[PDB]
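Only a single protein chain was left out; the remaining protein chains are all shown in position.
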Amino acid sequence: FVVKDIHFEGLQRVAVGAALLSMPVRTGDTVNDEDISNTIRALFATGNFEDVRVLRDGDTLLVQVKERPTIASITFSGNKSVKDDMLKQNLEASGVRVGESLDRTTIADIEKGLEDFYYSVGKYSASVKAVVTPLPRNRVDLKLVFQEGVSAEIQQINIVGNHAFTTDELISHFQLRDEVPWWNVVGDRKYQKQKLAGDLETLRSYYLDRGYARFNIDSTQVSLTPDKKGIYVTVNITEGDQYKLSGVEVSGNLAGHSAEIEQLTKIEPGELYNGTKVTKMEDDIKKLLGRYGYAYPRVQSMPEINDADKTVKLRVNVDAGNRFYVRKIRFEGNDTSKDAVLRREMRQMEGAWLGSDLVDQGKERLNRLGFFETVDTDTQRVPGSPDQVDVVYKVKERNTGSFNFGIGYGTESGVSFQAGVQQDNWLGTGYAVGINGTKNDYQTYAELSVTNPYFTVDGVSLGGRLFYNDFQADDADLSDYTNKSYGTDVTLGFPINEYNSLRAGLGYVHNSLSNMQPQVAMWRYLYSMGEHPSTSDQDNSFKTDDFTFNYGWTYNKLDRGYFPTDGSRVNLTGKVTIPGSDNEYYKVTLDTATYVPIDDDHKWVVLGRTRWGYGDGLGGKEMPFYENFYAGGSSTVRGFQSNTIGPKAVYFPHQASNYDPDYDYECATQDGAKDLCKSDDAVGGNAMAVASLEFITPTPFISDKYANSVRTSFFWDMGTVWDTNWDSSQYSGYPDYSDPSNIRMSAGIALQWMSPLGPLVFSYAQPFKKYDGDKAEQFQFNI
Amino acid sequence: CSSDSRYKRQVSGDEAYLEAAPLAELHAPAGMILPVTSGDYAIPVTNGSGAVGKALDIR
Amino acid sequence: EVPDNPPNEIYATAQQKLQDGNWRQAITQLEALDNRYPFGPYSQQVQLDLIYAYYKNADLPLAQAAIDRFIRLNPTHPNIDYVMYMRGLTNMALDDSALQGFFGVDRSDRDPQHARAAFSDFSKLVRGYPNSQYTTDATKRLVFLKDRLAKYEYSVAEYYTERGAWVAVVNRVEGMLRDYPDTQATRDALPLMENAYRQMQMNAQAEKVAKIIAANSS
Amino acid sequence: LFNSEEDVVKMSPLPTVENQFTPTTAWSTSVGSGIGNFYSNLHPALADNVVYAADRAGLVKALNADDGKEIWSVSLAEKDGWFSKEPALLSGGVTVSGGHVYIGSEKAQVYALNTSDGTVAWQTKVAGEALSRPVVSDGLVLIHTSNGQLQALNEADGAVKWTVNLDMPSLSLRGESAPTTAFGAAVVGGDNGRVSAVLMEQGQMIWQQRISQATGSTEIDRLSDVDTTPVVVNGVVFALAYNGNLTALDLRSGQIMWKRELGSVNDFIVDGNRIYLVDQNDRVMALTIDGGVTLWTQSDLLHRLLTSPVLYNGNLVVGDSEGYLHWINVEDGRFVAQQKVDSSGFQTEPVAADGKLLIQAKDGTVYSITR
Partner (left out) sequence: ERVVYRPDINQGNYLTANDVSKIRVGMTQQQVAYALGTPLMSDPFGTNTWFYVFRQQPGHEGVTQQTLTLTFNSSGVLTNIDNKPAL
């Protein structure tokens, strides 16, 4: 009974030899009838075999195999609430998936773990079934149905043995409620045992600071009720007899810093015990020793809880490292960012004792960078030394680059368009790049602006502006207002502090205008400029080369640079003119932006976003018609269209406009359109008071892969722009302004979408209060 | 491909990665030999068979 | 796609879709070979062809996966040398990504993260196969590639020289000086330490460094 | 909106409703709020022509069982442990012996308010919420709570004679776990898949036998009011496990005579050798005692969450969770009557007492039932 040939069938992931070697009798090895059945089991033992049938031709063996392996599908059905991938994992927890060998032994272990998964959802009611369905040459489908019946739900927290407080008072610290009523908000509606696990520590920390050092939750028994819903937790506690943290006995290797350590561990002898501050008093020592370069201060309290007077004595056992810990540092996560620029945002310098806070302050500047997505580090000790740590600042940089656009000019009037591109510190080189401009029929516009914040390591923000607007208003050609405007503005942000920073610059405003409107706001301005622009024609010219002076200061208190959450920053910036300017004026503005989190989780932060300004002449003139302030849609009062808040673009009685076109671009023009006219486009005012009142809002159905950076934001937005200089006696046949009474309101929600092209905010907002005509756009896109 | 345009075998970023420009070794004078070969940057300099640059045969 | 064809029919469709330039269809075909028949006599070359598919398709880390799917699944057809070349070749492209290098603008000291990985795989070739039909480039690549690691490391030594952290200058410069035996940035790191030593009144160590510059002029 | 939110499992209704001996109630004496769909072992006692009924607020009744006229009612509302007149969360059944109405609470309390006026003749905390009714027996008030303890309180004055853990479920696994007294020994249930008989004198473990698995380490359902509480009609314990696994096992050794481990048997009584069990499908069925041989089964009740199968008005009676009472043609598989006296359902067993059939329904409270 020795085999001359075994017959090896049942293949396509198990070959002849993958059969034959997992046959314990090989071709040529002697056979027994037990070796035949040993060939039955050991061939099935590969986990590929629907069957093994070992026979022989006297001795010449014959092995009959049907094949389980690579699974070609797993179907998920009845899932719809839970997505199928969570069900794929417990299927894969059995080592079972598409393209791998079916083991029909673990069919229920797919399912039992899946219903135990369904048990650990917070349900228990599930019986699921993996269904083998064979497929070409060896393959199978393992269809899975998911009878996800009901979940388990908290109904009552039966804390038992509770005697320092009452049960619902302990429930008052917990959150296992249901049914936001028709008069209140209670929030949650579902059970998890991990919520209870957080609640049992909500219970203990509630007792631990009230003195109950020996508080103990004795046991807790979840009601595993029929209905599979009723969850009643038999929370046996022992209240633990509130004691008084009545002396700190801090000791150990204090590294010679025990005096300041004792100040960190200063308590009242006789105040009730607070284990939360007990651990805190160690961490007070820990950063303090870490500030001296003891990166590893082993600081260990011991609450000598003296029940005999209901007190606690706090032995603390300190053990610091040794001084010169920070040897070097590394920066990581800057493949699109030059390192030394972010190292200028690094305040822990190498070859030093560790400042544990020095590591954080550069990272705080890296958190206030905004060219990051996350900022962290790896404070790695170089071992073999109590003075060697290499701090690997792995920081996750920004999705740099950002695009800005209106809606179309391409293939409408030639090869002409609008543009705008941000780079978000191109290659992180200490040069934040944002460029705008447009080639239109109306205007040939180029405009250039870049900064060097690290021309100097102080933070001297070497930044300049340039533009050239060859703007002709191609309405007839130049019959409506021309403006060849160009010039420069270079302003250097000098830091007064790390919270205060100064700004100063000069403005060269070379505008070459000709054949302007018959309108109003420039006239009273150009009459203050000593010119008569044509009230009755459009042939008037006015050139201004304004040599101005710009100034600014900021306050810097806010969390992040790409998604801030708390703080308040104050920003003053205004302008004035110098001898050399064609118009003598000033134009001073200020805006307020505070972050007041009504939800301290920063899912709801008050976003008070207001806009102010006033500017007039400096020699008694007017602040320019190109400098009146504005608001409206796509602004802090968005939901209108833009330039709807303010005095309006109203026209004098008017005639031959150098031929404004025949019933086209009518501005009380000669072609149609007789005398004093107007428009609901705001011409804007020399005084502005508009505001946005926004709120952070969390997004649950949005997958939070970008909802950390995507913030939905409701608002109620109102305000006024007004020209105090405006003649409300000559333009009383027009919308005439001198006052913040045109307080137009539009209200709705904004949708800040942070794409890889930066935050692209979209907004729906309905105008409710409207003054002097607003072009309205209720849903507004702000690229 | 339908989206493969202006990117291939040529590297992203600074495109100097492929030309493989080698460098002259650090030399220290008499008595002042500080160690320079201690990194892996002292590489096995083995220009045995095949090509260099972008011209190395691929599969 | 992912066809259940015969393994040559999954192969021959895959090889042409490489030569189509539509690598994602070669990827869909070459994987589908090694999905069903990775025991093919070309299934080794398939993984090599997958690296040849992925890395040109801007599917660069999947080339490194097919570099690993070659080394693990298909250790024969010994182009692990090519795979060590390719993982050095891919991770050079994987490190920096901004296309200003067409007209010659640097990105060479942002961070050489995968250029460190590209170093090691190029180092893996010149160690694991110092004789093979691919070690010519990687040897020439590595003596280059350290400089992109060095110019990054010099930009750290740039900052502490620019900040004034002369204790940290010696930390970065001798960091380069221990590291690189041929990068010129290390030779130009070298005087900053002397500048640090002169700033830290270690003028003896500064002139310990100064004759090294006289030999690292060479 | 609610149409596609989950793939919920199914529970069938009551088939083949009969009224062949047309059922009714003997009266209404509805307390109002009561047992609830809150899980409760609280069941009223029917004696002295008094519906001794109770609420989960604490309101314990004495309703004169001819019309259920309220003889007395005070509320037992959390008169120990925590703030008074909070709801007592009365867990254990109405046990009436002596001048006390003994009721366990979910706040780990077990009371005894006097049968004649409702004055709390004693009240004593136990350890954990009661899986059992207070088995007041032999001067001892045997309670099996959530922590598996045989909390034995004193009968007439209340004094914890022992609190001894015998058969503790892995959590507060719910079902009856009551320490019964049979053959001078406290025969103890316990919701961990086991049953025990321990000493009646102090809760001293004479034997513990794991019948089968419990909820925990298995995907067996906790949708089961487990009567692992021993129904000992013999020198043989008849009980379930926490997967409802019915068995016969010896009373003083725990030695399994037989086991019809037929799933989560919802409610079982041993009616002679007609072991009237409510099956896993909420079918009523009779097994024998010398071997659990099915005498008959009945799919006239399918997925009902039934009460106990009791014998009353010439028919085998059972209520359910949907307010359907039922009258089995006594053994074999046939409704005679079906009473929809409620629709909130019966968590209380149909107490075939006082010439009536007392159900305290869950919040459609007490009706005594006749036909």
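We call the chains A, B, C and D, going by the order they appear; numbering starts again at 1 in every chain.
Simple rule for what comes next: contacts are C-beta pairs under 8 Å (C-beta built on N, C-alpha and C of every residue); 3 or more make two chains touch, one makes a residue touch a chain.
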Per the touch definition above, residue among C:168, C:185 or C:192 touching the missing chain: C:168
Listed residues C:14, C:80 or C:177, member touching the removed chain: C:177
Touch criterion as defined above, residue of A:352, A:688, A:690 or A:754 at the omitted chain: A:352
Selected residue (touches chain absent from view) among B:18, B:28, B:43 or B:56: B:28
Residues in subunit B touching the chain absent from view: 28, 32-35
Positions on subunit C contacted by the hidden chain, ascending: 163-168, 170-171, 174, 177, 193, 199-202, 205, 208-209, 212
Missing-partner contacts on subunit A, residue numbers: 256, 293, 322-324, 326-328, 347, 349-353, 355, 358, 384-388, 457-458, 494-498
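In the analysis below, only the chains that are shown with their structure count from here on.
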Euclidean distance of C-alpha centroids - subunit A vs subunit B, Å: 40
Computed distance of Cα centres, subunit C from subunit B, in Å: 8
Touching two or more other chains - residues of subunit C: 95-98, 107
Per-residue multi-chain contacts in subunit B, two or more chains: none
Residues on subunit A engaged by subunit C in the complex (per definition of touch): 70, 99, 136, 327-328, 331-340, 343-344, 349-352, 426-428, 457
Contacting residues of subunit D [partner subunit A, same complex]: 4-9, 37-39, 81-83, 86, 89, 106-108, 127-129, 146-147, 169, 171-175, 215-216, 219, 221-225, 305
Complex contact set, residues of subunit A against subunit D: 78-81, 112, 115-116, 119, 124-127, 146-150, 155-156, 158, 160-163, 166-168, 219, 221-228, 230, 232-234, 236
